[PDB]
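This is what each chain is made of:
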Amino acid sequence: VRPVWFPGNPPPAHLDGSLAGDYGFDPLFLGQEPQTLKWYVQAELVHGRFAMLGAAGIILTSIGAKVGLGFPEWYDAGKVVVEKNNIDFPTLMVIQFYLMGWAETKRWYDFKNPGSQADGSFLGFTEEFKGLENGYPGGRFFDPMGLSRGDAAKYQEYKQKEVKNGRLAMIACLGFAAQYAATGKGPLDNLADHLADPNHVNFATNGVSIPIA
Amino acid sequence: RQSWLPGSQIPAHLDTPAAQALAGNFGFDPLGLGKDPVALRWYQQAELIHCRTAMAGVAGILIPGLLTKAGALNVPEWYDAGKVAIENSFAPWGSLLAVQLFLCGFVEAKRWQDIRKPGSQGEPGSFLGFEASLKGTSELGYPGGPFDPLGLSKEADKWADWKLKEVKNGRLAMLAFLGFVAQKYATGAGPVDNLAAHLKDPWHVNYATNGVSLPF
Amino acid sequence: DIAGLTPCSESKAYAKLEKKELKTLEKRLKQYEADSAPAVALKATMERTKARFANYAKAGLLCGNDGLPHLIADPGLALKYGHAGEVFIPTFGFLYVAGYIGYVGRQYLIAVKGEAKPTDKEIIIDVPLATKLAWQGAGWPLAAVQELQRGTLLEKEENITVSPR
Amino acid sequence: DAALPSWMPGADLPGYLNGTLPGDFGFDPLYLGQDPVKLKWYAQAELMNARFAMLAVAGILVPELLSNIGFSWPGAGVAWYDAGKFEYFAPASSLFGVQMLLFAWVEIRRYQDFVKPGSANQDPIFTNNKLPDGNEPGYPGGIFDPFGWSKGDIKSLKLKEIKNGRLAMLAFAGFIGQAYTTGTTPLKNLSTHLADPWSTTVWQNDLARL
Amino acid sequence: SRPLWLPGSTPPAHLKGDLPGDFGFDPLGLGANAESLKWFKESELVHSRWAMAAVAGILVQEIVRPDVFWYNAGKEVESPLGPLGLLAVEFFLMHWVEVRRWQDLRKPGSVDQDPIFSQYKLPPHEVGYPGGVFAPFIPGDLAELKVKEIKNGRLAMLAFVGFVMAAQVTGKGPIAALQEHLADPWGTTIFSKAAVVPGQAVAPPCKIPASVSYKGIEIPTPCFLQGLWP
Amino acid sequence: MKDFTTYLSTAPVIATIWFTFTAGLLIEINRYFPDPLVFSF
Ligand code: CLA
Ligand code: CLA
Ligand code: CLA
Ligand SMILES: CC(/C=C/C=C(C)/C=C/[C@@]12O[C@]1(C)C[C@@H](O)CC2(C)C)=C\C=C\C=C(C)\C=C\C=C(C)\C=C\[C@@]12O[C@]1(C)C[C@@H](O)CC2(C)C
Ligand SMILES: CC(/C=C/C=C(C)/C=C/[C@@]12O[C@]1(C)C[C@@H](O)CC2(C)C)=C\C=C\C=C(C)\C=C\C=C(C)\C=C\[C@@]12O[C@]1(C)C[C@@H](O)CC2(C)C
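Chains as they are written, first to last, in the authors' numbering: chain 7, 29 to 241; chain 8, 28 to 243; chain F, 63 to 227; chain 4, 55 to 264; chain 6, 28 to 257; chain J, 1 to 41.
It is possible that part of the hints are untrue.
Below, computed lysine-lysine pairings styled on DSS-like, alpha-carbon distance capped at 25 Å [said to hold, decoys possible]:
id, chain 1, residue 1, chain 2, residue 2
1, 7, 66, 7, 189
2, 4, 94, 8, 195
3, 4, 214, 4, 94
4, J, 2, F, 74
5, J, 2, 7, 140
6, 4, 214, 8, 195
7, 8, 185, 4, 214
From chain 8, some residues computed to sit far from chain F (all C-beta separations above 10 Å) [to be verified]:
id, residue
8, 59
9, 72
10, 184
These are calculated hints, taken from the structure and not from any lab test. Even for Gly, the Cβ is constructed at its ideal location relative to N, Cα and C.
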């Protein structure tokens, strides 16, 4: 009647087929309460968007570092950036904290009171910060092409695609971290090592992943 | 509504029409300190005195600092002006502080007794005719008369604007003095020297680069 | 030189004690290798000892005939001779925190008094209310003196006393 | 909103700028003069800064114009930012003294007509000497119009006044900017731009300065 | 009915065929919103016209001045009017005309009056098609001409992208690279320069240097998305 | 998990969490600021 992560197992009661990417996966019943579930929806979406950006950036810089262009790998790019350019890391870090604190506090107090942030308090901007749904702000600023507007079915499809590519990118970033922890080289370094000899070059032949042998 | 946090629950004691009449009520009370109306009245007075004192002091810090940085004056930095000002003085700092404490406690006790009982310093015969002018106005903290020579409170059309300007410039100057203290403790140079050093290289000369503010 | 005490910067037993502790630690150190975990640990402990003694001697402490730092609890003797940060300033540093704890507890009790089952909000903490009060109780001296000046800090004699009062 | 000329044809004009003020082009992107009394002050403030800026930029250009033509003054050729260092029959101390005293008279007169129009239209000494009634604050009239203007054509004349005035305000701001930037006299800067207009733009000078 | 980009496809519901060039291609649904579709329509129009003039300019340049390279033709002009005065005049005049077009976009009937001379103004027209002094001598119907304009413009947009990538991977001009393709069809295509296989990636080198001097500075001139190249 | 979070709101669990947090804060203070006998800074 609907795709479920563990087939046969019926979905829990709080996971109806209303949210994007709903497959009934809550074996710990973490989002049982609706307000907590809204908080976790926004958390999944922010994590997945940040992870989509992160995975795309890692993939692109690894593409540029593999073909021989002057690119550091994702585990070395911060040092290279703050050392090549004369960048002070505490200054940059607190600049980022100021900007992200403004943005995320706006988003926070639109979670706590959804109608807010649109009173013209910020700079007169009312309808750019009104917010469409929980985790989907929309507006002229976060949606200049208006893809949430117009067609609704296309918007639900894009929601599914967004959350699904986001979970995939989160898994991909966790995989980047684990592969740097294991093989010590870049992600596409690992990919080329796999494509060279798929057998005999994989996680079973690290020495760290399977410690038995 | 002019909230300090646009989405926050403004406390109920700052939403009452008594507190919304106060100058610059942007609903900032995340500690619930002026919940009692008598306490809020006393704290309005405290904010006003603190903000006027801070505006005077921060003027006397940056204006002559800006004029000795512009070569117009030779006033030293504020954290050293007392030492060199008491050397050219007729008095030591102890006797000067004694006279200052007497002359300040007198008027501050007058203000105290006017806060405790509004308009009470104007009961006749207390001063030698000047008590006629010490009754203050309907609004506490805005005494007027001898303290308002240019009659700028008699218009009743810019009055809320005057109050808002006063309290906002005053909160700004309170923060400015707190920053002067912090920057004397942190950089050791003058506030205008700090401004020049930041404007020369902002991305490398700031509180993120000294080894005192962020010690990690 | 408040109570005949010598400053720790010029005390001889203080230096003798530093040398004694460092001699003990290097006696333990000589049995280990150059760069081993025991050797690095003992070197770190020696450095912590040296820094501790240097920082106590720098802070203007007064040492006795035993070389140990002696604190000055008297305000007036501490504020005059530069020993306020020994007992006197940490006094208010404590009292702020302690009255803060007590005021948050009082506010929580007064808050849960009005509910239907007030005792169940004491075995089961209302963490939202508790955190809200724990954050907004940082102004406990001002709010406490304002509750005191209004007379709403102390209960009247509706207190449960005994037959002979 | 009306069919008056605007600073941005098609912009949402604010509304409180209805055209009653000379120079109404709806330019209030900060919405500064939203209050009526604020605008009643700002009108006269603009007019005074404007007239003082017109006098100012006249005193900037014309001295250097008669210098670059080659006339005869003892204070000829000297810049406007080096005219404070010039010496005269008196030091600048007594000059500021007399200047501030006379201006404390006349500006307080102007202010007393501003807070109540019709007040200061008469002399202390000569009661018979008077300014006529019906004049606005900022436009005193009477002996201030001794050559017979302002009978008609008053709206366009006020428009011309405020237009040349805003232009001279911008001119003096540019004089400050170029005297701190180029280090030369402003008419020498004009001549420098007229020599090589394409490589003596502000971007080129700023980039060669850094 | 109308000719679609896919002959058997049903077009999106917002694409009813009313626009000039509505061949039913909105697979992402970017013009689903009615308000953003107008901005995207004007964007297509100006991208079209800019790319058409740009392609004609590169073509004419490689015809009548083949010694210069259009990718390099910024540093090989050396006008006496300065590199900054050029930027100044173009910045100011383009800011003027583009803000006028933007005010046509925001408020449609607003900016038609000639500001300086009061007696001229444009007629009330559509958004994106001013007419009047812009458009004398219309050779035929208007809708067919708009269709032709947008089609030649889309072809010119793709043509400028091809120009850029063929100037990057070959270092030659459009007509020069076309003569290279005609001199060896099977050996000069992008398929014959590049190949990625599961085990090997062959990206062609770009003949555009990483940076050009241009009078005492270092202008960074990177190939477009090298690395992502095949 | 409303009941589970109610359980974590009980007196002993909240005390464990709060005293773990307090003890860890004091411990990290005493790590990064070793041997604080007086208020010198
Ligand atoms: C009144 C506002 C004000 C202003 C304009 C400045 C300006 C400056 N400060 Mg000071 N400062 C202030 C308040 C202020 N400070 C206060 C209240 C504190 C105590 C928390 C400090 C503590 C402080 C230290 C310890 C240091 C500076 C330094 C500096 C300079 C670099 C900025 C920096 O490192 O981050 C400033 C640090 C902060 C913690 C920011 C506090 C500002 C608060 C949040 C209010 C202002 C916000 C306001 C909305 C925007 C500015 C208003 C302005 C337009 C009027 C710069 C000249 C550094 C310096 O001297 O470099 C040469 C430096 O080492 N400041
Ligand atoms: C009751 C008597 C008593 C007293 C007065 C002390 C006093 C002290 N002991 Mg001793 N001790 C005692 C009993 C006592 N102890 C007992 C019974 C034992 C056996 C368990 C010990 C075992 C012991 C050891 C083993 C050690 C001490 C140490 C210390 C020092 C700790 C200083 C410190 O932590 O700085 C803390 C400084 C602060 C400023 C923190 C104050 C608290 C808060 C955080 C301040 C608020 C700031 C801010 C607003 C918080 C932010 C809010 C947050 C939620 C974000 C101090 C001299 C240490 C030392 O070196 O002694 C010299 C040490 O190593 N003690
Ligand atoms: C996208 C438009 C565009 C752009 C940015 C360029 C840019 C360039 N062209 Mg190319 N060109 C274009 C279109 C364009 N061209 C078209 C459409 C043609 C065919 C007519 C040409 C024919 C052409 C030749 C034959 C040559 C260039 C050259 C050059 C370079 C120097 C230009 C110069 O010296 O002009 C100087 C400035 C002028 C001549 C004044 C412009 C003429 C008047 C004022 C008309 C402008 C207004 C007019 C109404 C057009 C507005 C509509 C617009 C949207 C098209 C420069 C790299 C030269 C080169 O390679 O450098 C050595 C060169 O030899 N171009
Ligand atoms: C894996 C992950 C989360 C996994 C969560 C899972 C499985 C949750 C499972 C469950 O809860 C549910 C669903 C339901 C419960 O009932 C059951 C369980 C089982 C409990 C998140 C990753 C989240 C990952 C994120 C957010 C990654 C962001 C990455 C970024 C920003 C990368 C940035 C950079 O790499 C670049 C781009 C370039 C570098 O040079 C600089 C840096 C900064 C290093
Ligand atoms: C009076 C004042 C400064 C006065 C300065 C003077 C006289 C300076 C004088 C001198 O320099 C000169 C002129 C010349 C020098 O040579 C000599 C001296 C003498 C040195 C500063 C006040 C400075 C006052 C300050 C900084 C007060 C800050 C208060 C804050 C932030 C309160 C925050 C909150 O209380 C609210 C608002 C609501 C709560 O619910 C939440 C919280 C967050 C608790």
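Pair hint outcome, residue 94 (chain 4) versus residue 195 (chain 8) [Cα-Cα no greater than 25 Å]: holds (23 Å)
Run the distance test for residue 2 (chain J) versus residue 74 (chain F): straight-line Cα separation, threshold 25 Å. Between residue 2 (chain J) and residue 74 (chain F) the Cα gap is close to 65 Å, so the pair fails against 25 Å, i.e. violated.
At 10 Å, judged by beta carbons, does residue 59 (chain 8) keep clear of chain F as stated? For residue 59 (chain 8), whose nearest Cβ neighbour in chain F is about 5 Å away, the distance does not exceed 10 Å, so it is violated.
What's the verdict on residue 214 (chain 4) and residue 94 (chain 4), does the C-alpha distance respect the 25 Å limit or exceed it? Holds: residue 214 (chain 4) and residue 94 (chain 4) sit about 20 Å apart, inside 25 Å.
Would you check the hint for residue 2 (chain J) and residue 140 (chain 7), treating anything up to 25 Å between C-alpha atoms as holding? Cα-Cα ~20 Å, so holds.
Residue 185 (chain 8) and residue 214 (chain 4): Cα distance at most 25 Å? Not OK: residue 185 (chain 8) and residue 214 (chain 4) at ~32 Å, beyond 25 Å, violated.
Can we confirm that no CB of chain F comes within 10 Å of the CB of residue 184 (chain 8)? holds (36 Å)
Say whether it holds or is violated: residue 72 (chain 8) keeps its Cβ farther than 10 Å from all Cβ of chain F. Correct as stated: the minimum Cβ-Cβ distance to chain F is 14 Å, above 10 Å.
For residue 66 (chain 7) and residue 189 (chain 7), compute the direct alpha-carbon distance and say whether it is at most 25 Å. Holds - the C-alpha atoms of residue 189 (chain 7) and residue 66 (chain 7) are around 19 Å apart, at most 25 Å.
Could you grab the alpha-carbon distance between residue 214 (chain 4) and residue 195 (chain 8) and see if it respects the 25 Å cut-off? violated (39 Å)
Checked against the numbered hints given earlier, the structure breaks hints 4, 6, 7, 8 and satisfies all the rest.
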